[PDB]
Amino acid sequence: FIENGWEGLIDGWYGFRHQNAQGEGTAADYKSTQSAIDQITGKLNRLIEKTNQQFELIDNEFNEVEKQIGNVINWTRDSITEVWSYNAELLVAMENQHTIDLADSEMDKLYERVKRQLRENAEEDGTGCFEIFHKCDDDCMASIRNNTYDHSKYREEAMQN
Amino acid sequence: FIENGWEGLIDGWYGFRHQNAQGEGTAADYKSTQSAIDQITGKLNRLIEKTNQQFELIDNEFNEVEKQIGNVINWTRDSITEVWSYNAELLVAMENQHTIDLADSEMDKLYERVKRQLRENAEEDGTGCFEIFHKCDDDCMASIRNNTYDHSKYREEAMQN
Amino acid sequence: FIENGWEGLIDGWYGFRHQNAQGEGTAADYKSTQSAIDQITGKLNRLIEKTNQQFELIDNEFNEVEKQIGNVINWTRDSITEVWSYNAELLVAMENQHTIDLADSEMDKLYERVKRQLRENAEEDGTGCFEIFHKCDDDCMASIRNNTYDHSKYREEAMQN
Amino acid sequence: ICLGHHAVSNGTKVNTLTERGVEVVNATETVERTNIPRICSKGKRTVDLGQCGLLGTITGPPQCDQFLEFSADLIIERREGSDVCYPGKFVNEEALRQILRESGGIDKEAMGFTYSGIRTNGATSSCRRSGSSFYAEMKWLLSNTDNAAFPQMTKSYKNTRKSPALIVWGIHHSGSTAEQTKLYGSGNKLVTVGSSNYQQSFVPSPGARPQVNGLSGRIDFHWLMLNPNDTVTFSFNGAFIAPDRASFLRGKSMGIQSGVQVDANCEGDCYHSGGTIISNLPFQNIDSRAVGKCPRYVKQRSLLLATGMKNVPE
Amino acid sequence: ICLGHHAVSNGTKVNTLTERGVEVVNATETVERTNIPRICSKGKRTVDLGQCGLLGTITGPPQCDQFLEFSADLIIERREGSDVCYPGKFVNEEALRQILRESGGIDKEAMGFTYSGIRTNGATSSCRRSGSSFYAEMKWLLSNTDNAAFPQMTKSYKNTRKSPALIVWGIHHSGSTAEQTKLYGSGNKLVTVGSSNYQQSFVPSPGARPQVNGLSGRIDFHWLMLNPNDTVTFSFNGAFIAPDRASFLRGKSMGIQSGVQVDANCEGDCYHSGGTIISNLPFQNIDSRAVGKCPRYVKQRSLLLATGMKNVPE
Amino acid sequence: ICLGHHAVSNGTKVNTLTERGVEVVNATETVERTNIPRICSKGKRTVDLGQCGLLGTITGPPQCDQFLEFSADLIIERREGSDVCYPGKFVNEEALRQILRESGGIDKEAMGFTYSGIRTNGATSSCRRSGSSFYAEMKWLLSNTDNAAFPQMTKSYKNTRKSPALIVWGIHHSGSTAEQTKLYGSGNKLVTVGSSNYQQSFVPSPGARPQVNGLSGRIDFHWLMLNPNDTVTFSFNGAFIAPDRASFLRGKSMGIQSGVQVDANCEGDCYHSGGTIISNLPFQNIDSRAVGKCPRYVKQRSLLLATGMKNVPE
Ligand SMILES: *[C@@H]1O[C@H](CO)[C@@H](O)[C@H](O)[C@H]1NC(C)=O
Ligand SMILES: *[C@@H]1O[C@H](CO)[C@@H](O)[C@H](O)[C@H]1NC(C)=O
Ligand SMILES: *[C@@H]1O[C@H](CO)[C@@H](O)[C@H](O)[C@H]1NC(C)=O
Ligand SMILES: *[C@@H]1O[C@H](CO)[C@@H](O)[C@H](O)[C@H]1NC(C)=O
Ligand SMILES: *[C@@H]1O[C@H](CO)[C@@H](O)[C@H](O)[C@H]1NC(C)=O
Ligand SMILES: *[C@@H]1O[C@H](CO)[C@@H](O)[C@H](O)[C@H]1NC(C)=O
Ligand SMILES: *[C@@H]1O[C@H](CO)[C@@H](O)[C@H](O)[C@H]1NC(C)=O
Ligand SMILES: *[C@@H]1O[C@H](CO)[C@@H](O)[C@H](O)[C@H]1NC(C)=O
Ligand SMILES: *[C@@H]1O[C@H](CO)[C@@H](O)[C@H](O)[C@H]1NC(C)=O
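Chains as they are written, first to last, in the deposited numbering: chain B, 330 to 490; chain B', 330 to 490; chain B'', 330 to 490; chain A, 3 to 316; chain A', 3 to 316; chain A'', 3 to 316. A prime marks a further copy of an entry chain.
Derived by calculation from the structure, the hints in this document are not laboratory data.
A portion of the hints provided could be inaccurate.
[To be verified] The following label-pair restraints were derived from C-beta to C-beta distances:
no.	chain 1	residue 1	chain 2	residue 2	range
1	A''	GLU269	A	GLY45	46 to 56 Å
2	B	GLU385	A''	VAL264	14 to 24 Å
3	A''	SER165	A'	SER127	28 to 38 Å
[Claimed, not checked] No more than 25 Å apart at the CA atoms, straight line, and that leaves these computed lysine-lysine pairs for DSS-like:
no.	chain 1	residue 1	chain 2	residue 2
4	A	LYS15	B''	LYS379
5	B'	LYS464	B''	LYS379
6	A''	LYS312	B	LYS360
Quick reminder that beta carbons are idealized off the backbone N, C-alpha and C, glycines included.
Taking the hints into account, I'd like the entire structure generated from these sequences.
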C-alpha cells in the first residue's frame, strides 16, 4: 500500500510528509530510524568478527610433501572449504531476509502506532495515508510527530465530519 | 480466526467466497497466490543446487590402505558427515518454519488490504469475514476483488445501517 | 505500546487485568501461554538431542604419535572445532531471535483477537488497552475472556456513548 | 464477504524449528535415494581397465598390453584387475594409484638404456604371451652364463620433457640365496637410486614365500618422479628389474572403483561402486564415499522441504 | 480492559542475531561443563588393563598373563601400562592399538610350529614369573649349544578360520655382534615374511643401547593380518622371535585412555581421560578429544538459549 | 498525513532465502579480496631465513651460520633457502620443519663427545667458508691414515635439561664402495640409535649419484627427540656424521613461506605466500592455505550483506 519510497527523504530512514492548508512538511522520525539502525549495527557487530584460533602450516609450497598425505590434506581442506562456503552463503542470505523483514516490520509498527494515536478522528485511506476530518494545523502536526496529540480534544469536531 | 481452510478452492492458494442476495461465488486471487508461489519457487531455486567441486578417491575398496591413515580418513569423513547432516536438518527445519510463516503473512496482509478497502462501509466479524451493511451486488463484488470498489460512493448508506 | 510487563502475573505468560466498577481482576490466558510454551518446548525437544555416531581414538595421550600425522590430526580437529563453535553460536543466536519474535507475535495476535471481539463497542486507547463505552460487569468480563461476549447485544448502548 | 486460503484432505507432514509432523499442502524431497546401477559415461573418454590393474599400465603385464598408453577422462578400476603377472607389489602403491587416476592417461617414452656384459632377456611362465615373457615396459637383467658375477653398473636418465617423468624399477627377491647366486652371483647386492628430490638405497633379500602362480619369488616395484631437466641415477650390481620406458601424465581425469556396467546413454558426474548418482537435490543418502561432483552425504534418509502452506482442513 | 504479558525482576541475558545482552524471562544452558570424574561402565563388559599394555595382550609379558584372551565392550588403557617385559617396541604400534581397541577382545589359537635342530627355551630375568621366563605367546629361538650356527628354516601358517588372523613376530637386536654370534652364529641373518598382501624383509642389527631393566638389548615386534585361507611364510636364519599363538578379533568394542576409577553405578557413552560426560545438551566444552557418542565440542564455555519471552519490567 | 520510508535512485542488489537480486538501500562486503603484498611483521620478532633453510639451522651449513641460535615469533622460509651444503637430505623432513616453525627459535648446547682412535676434521669444498669446511654443528668422523679400519664406538648423551632435546646425526653414502673403504675401511658398517622412545638401525649404501655441487656423494640426516633425563646411545663403526651440539626449543612461534618483502609498518596475523591479509570480514577469497588467525576461506568472491532496507523507488 506504500507503493514506493521517498527519494527526497535524505534526513532519515522513516519520516512524515503532511499536507494541510498551512503548507508542506517532511521530517524524519529519529526514534524508529535509530532502532532499525541500531539493529543493523548489531548485526554488523556480530558478523564483523575476529578469530583467536591460529592455524599452522601442514603443507609445503616449496617442497611438496608425500603424495598420499598431501591428497588427504587437500581432501580435508576442500571439504572444510565446501562447509565454509555453504555457511557463508546461507548466513548472508538469511541475514538479508531478516534485515528486509525487520525494516518492513518497523515501518508497519510505526504506521499502527500513528493509527492508534488517531482513534476516531481519522480514517485509513488504504495506501499508507491517514485522512483527517478536521484541518489539523502545524502545531497539531508537531504534536502528532512527538506523540502528544490529544485523542479526544479534537474528537467531536471530526466525528461530525 | 480463519479456523480452517477451503478444500474446494482448487483454483488457487488464496481466494474469495462471497454470499450476497444475488448468489454464490468463490474465485482465487492470482496476485497473492503468485507471490507466495514465486517465493517458494525462489527457495527451490536456491536449494536445488549443483556443486562444481570435484572430490577424488582417497580410500580404496579393493585393497585397503594403511590402517592408521585409513582411520584418520574415516575419522575425517565421519566428522564431515556429522556436519552435513546437522546442516541439512537445520536448513530444512528453518526453511519450513519460514515457509509456513510466509504463507500466513501473505494471508494476513491480504486480509488487512481488503479491510483498508472497506473503510467505514464494513466491520470486522472476528473470524476472517467482513460484514457489509449494504447489500453489495456481484458487480460490486468483482470491483472488490480487482481493487476498484469506491470507498465513499457506498459510504452514507452503510453508515446509516 | 505495552510499555512494560506485569511482574505480579505469576499464574501465566499472558493475562487480563480489568478495572470496572465492580472491582479488580488479573487472570492468565491459558490457551496462548500454552501455545508459546508448547513451541518453546518443541525447540528444546529438537535441540536437546543425542547422537548415535560413535567416534574412536585417533590420537594417543600416553605415547605421542608421529609428529606429521599428529599435526594433520590436530589441524583437522581444530577445523571441525571452529565449524562447530560457529554452528553453536549462530544456532543459539537465531533460535533466541525467533523465540523473542515468537512471544511478541503471540501477544499481538491475542491483542487483535480481543479487538475483533469488540467490534464497535470499544475503541483502542493506544497503549495496549481497550476503552469500553459501557460499564461491563464481571460476568461480561468472564465472557470476554472465554470468547463468548456478544458483539451486538451491547452495541447500541456503547455506540450512543 | 469471507476470504481465506486453500487446503487438501491429505497433507504431507514436515519438520520445523518448533514441531515434528506439521501437515503442509505440498512438500518435496531434499535427500537423494535413487541410484542408477550403471557408470554413466556419456560424453567422456572412458577406459575400463577390466582385468588390468591401474599400476600394471606402468609396468605392462600381459593383461595390460592394451593399456600401456591409454587416454581417458574417466578411469574405472575393476575387482578382477591385477597389477602384476610375476608375484610382487609396489611400494607407495596407493599414492601412485591416486596419481594415475587423475593423470588423464599416460604417454611412454624409451629411456635408451643399453647394456654390455650381462643378459637382458629374463622371462617367466606366469607372464604368458605367445610363450614365456615378462613385463612389457621392464627388462629382467640377469648374468650371462647361468651364474658368474654381475658388474657394478651405473645408468643415468635425464628427463628432457617439460612434465615430470614417472620412473619405475624393480628389485628381485628370489626364493633362496642359491637362486640369487644363480641369477646375479654371490655377494651383497645393492641398488642405489638418486636424483634431486630422491635419495634411497635398496638391498635384495632372498627367501621362501608362499607360491602365487607357481613361485615363491617376489618383485618389489618402486617409483620416483623426475622433474624437468633433473637426472636420475641407478647404481646396481644384481637383483634389478630395469625400466625400459618412462611414463608421462597426459592431463587430467577421474578414477573410480565400480562393479557395474558402463552406460553411454546417461550422463553423470557423481560415481560410486554401485553406479551413478544423477540428482539436483543438495543431499544424498546413498554412499558416503561417492566421488566426483556429488550432493553432500547425510545420514538422514529423508528430509521433506515444505513447498506449500500449512494444511488446516475442515 | 488491559491485556499484557508477564515479567520478572531478575531476567537472564542472552545473545541474538541483533544484540548481546537481552534479558529474557527464562533461559537454559546448551554447552555442557559438568564432568563425572569416573569411567561410567554400568552395563558394559569392561577390561581395565592396568599395568598391562594393550599390545602386550598379543605378546604376553608377565603383566598381561590375565589379558591374553580378554573380551570386552570397553577397553581402558592406563598410564602405568607396559607392552613389553624385555625392552623393545612394535612397528606400526598405533595402528595395531587402534585395531585392538575396537576388536571386542582377542581369541588365541596355537599355530602349531614344531622345530628340529635349534633350541626353543630362551628366557630372561626381566620377564619374571616363578623364575626367568619370556613372552607367553612367543618363543625365543636360539642355537643348540651356546654358539654354532642356525639352520635356514622356513615355517608356514595357513589361516583356517573365517576372520583375519593377527600374526606377530620379533627380530632380536643384541647388545653386540659377539652376542649375536653367541645366540645364532656369525654371518648375515635375514628374516623374510610373505603372504598375499604382505611382502617384507628384515635384517638384525646388533649394537649397544641404553640399559632398560638391565639390558641393553632390544626386540622389534612386527605384525601382519592374514586373510581367511591365506598363507603366511617365514624364512629365517637367526635373531627371530617366533609366534606360538595367533590372535583373532572377537567382535566390536571401544578403547579409551583414562586415569580415573571405574564406576558401575553411572552409565555413559562419552569418555575422556578425566572421566565421563553424561549430558543431553548438544555441545560440550570439556575435552575436544572425547570419544564415543558425545556432544560436539565447542570453544564457548556457555551459550544461553532463551526459554522465555523478552523481560521488560516496570 | 502520509508516512513512509526512504529510498535511493541506485540501490545494491543482494541475495536472500527467496530471491537473487533484491535492491537494498545500503550493503557491505563480507568476503575479503584486498591483499597487502608484504609480510606485515610490526611488533613481532621476525627471522627471514633467506638463503638459509629451516632445517639447516640445526646442522649449520655456511648459509645458516647466523641462524644457529635464532629466536623469533615469526619464521619466514624463502624459496632460495637450502638446508644443505654437502648434497643430502633429512628423513622425516617435513615433520621437523613443522616442529621448528612453532619452536620460537633454537638454543644449542655442546653434547661433549670426545674421540680417541679416529680423525674428526672431515671437510669438503661445497661447504665453503675461509676454505673447505663442513656443517658447523656436525663433525665428519673419518679414519686416521687415509684408509685403515674404524673402531666400533659407542657414544652416549643424557639430556640434563627439562625440555626435549633435538638430536640430529648423519649417515654418509659415498660415490663408491672404494671411497667408503678409503674413508672408514672395508666390511659392513652399522649405526645403531637407541633411547626410550627410539630404537632404529642404519646401514650405509655407497653408489653413484647425480653430481650436485660437485659430488656424487650423499648424506642422510636423521633426528630424534630425547625426553628429559632420557639417554640416547649411538653404536657406530663408520659412515657416521656425529652431532656436536644439540638443539632445544625456545618457546612458541609461527612459520610461513613467502616471497614478498617484510614490512614493519603494518600489523597482521594472517599470512600467505603473497602477503598479509588484514581484514575484519569473516570470510576471504584470497588463499585457502593462509595460516595464522584468518577469516575462513570461501569459494565465493563476493557475498553482499544488506545494511539497508528494501529499495522501492518511484
Ligand atoms: C594440493 O593442492 C595444491 C594446490 O592447492 C597442489 O599444488 C598440490 O599438488 C596438491 N597436492 C597433491 C598431492 O597433489
Ligand atoms: C573405514 O570405513 C570403511 C567403511 O566405510 C571400512 O570398510 C574400512 O575398514 C574402514 N577403515 C579402517 C581402517 O578400518
Ligand atoms: C596436538 O594437540 C595436543 C593437545 O590437544 C598436543 O598435546 C599434541 O602435542 C599436539 N600434536 C602435535 C604433533 O604437536
Ligand atoms: C508440489 O511440489 C512438487 C515438487 O517436485 C512440484 O513438482 C509440484 O509442481 C508442486 N505442486 C503444486 C500444486 O505446487
Ligand atoms: C632444460 O634444459 C634445456 C637444455 O637444452 C634448456 O634449454 C631449458 O631452458 C631447460 N628448462 C628448464 C625448465 O630447466
Ligand atoms: C525454565 O527453564 C528451565 C530449563 O531447564 C526449565 O527446567 C524450567 O521449567 C523453566 N521454567 C519455566 C517457568 O518455564
Ligand atoms: C577356504 O578353504 C576351504 C578348504 O577346506 C574351503 O572349503 C572354503 O570354501 C574356503 N573359503 C574361502 C572364503 O576361501
Ligand atoms: C552503508 O554501509 C557502509 C558499510 O561499510 C557504512 O560504512 C555506511 O556508513 C553505511 N551508510 C549508511 C547511510 O548507513
Ligand atoms: C632428572 O634427574 C635429576 C638427577 O639429578 C633429578 O634430580 C630430577 O628430579 C629428574 N627429573 C625428571 C623429570 O626426571
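Here is what the structure says about each hint:
1. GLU269/A'' to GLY45/A: 46 to 56 Å: holds (52 Å)
2. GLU385/B to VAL264/A'': 14 to 24 Å: Holds: the Cβ-Cβ distance is about 20 Å, inside 14 to 24 Å.
3. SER165/A'' to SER127/A': 28 to 38 Å: Given range 28 to 38 Å: holds, Cβ gap about 34 Å.
4. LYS15/A to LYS379/B'': Holds, at roughly 23 Å.
5. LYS464/B' to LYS379/B'': Violated: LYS464/B' and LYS379/B'' sit about 61 Å apart, past 25 Å.
6. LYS312/A'' to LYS360/B: holds (19 Å)
Hint 5 alone, counting from the list given before, is not met by this structure.
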